[PDB]
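> Residue-level listing of the chains:
Number of protein chains: 2
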Amino acid sequence: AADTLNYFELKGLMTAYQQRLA
Amino acid sequence: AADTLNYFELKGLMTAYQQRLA
Numbered sequence: 774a775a776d777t778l779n780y781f782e783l784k785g786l787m788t789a790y791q792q793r794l795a
Numbered sequence: 774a775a776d777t778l779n780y781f782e783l784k785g786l787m788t789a790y791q792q793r794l795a
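Here the protein sequences come in this chain order: AB and AA. For the first sequence, the authors' numbering assigns the number 795 to the last residue and increments by one with no breaks. For the second sequence, the authors' numbering assigns the number 795 to the last residue and increments by one with no breaks.
Be aware that a few hints might be false.
[Stated by the list, open to error] Chain AA is faced by these chain AB residues, among others (derived, beta-carbon under 8 Å):
1) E782
2) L786
3) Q791
4) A795
The hints are simulated quantities; they were obtained by calculation from the structure and are not laboratory data. No residue lacks a Cβ here, since even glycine has one placed at the ideal position from N, Cα and C.
Just chain AB, same shape as in the assembly:
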């Protein structure tokens, strides 16, 4: 039931934030 966080992009925002900081 983890996909609820994956369907709604709670997981992509953090990766984008990380990528911009790097």
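Position chain AA relative to chain AB; hints supplied.
Showing chain AA alone in chain AB's frame:
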């Protein structure tokens, strides 16, 4: 494999593509 790819950045990138092209 699905967990690795990022559906967020590709959408953002296509958006920037079109907004510049305009």
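> Against each hint, give a clear statement of whether it holds in the structure.
Evaluation of the provided hints:
| no. | hint | in the structure |
| --- | --- | --- |
| 1 | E782 | holds, 5 Å |
| 2 | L786 | holds, 7 Å |
| 3 | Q791 | violated, 11 Å |
| 4 | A795 | violated, 13 Å |
In the structure shown, a violation is registered for the earlier hints numbered 3, 4, in ascending order.
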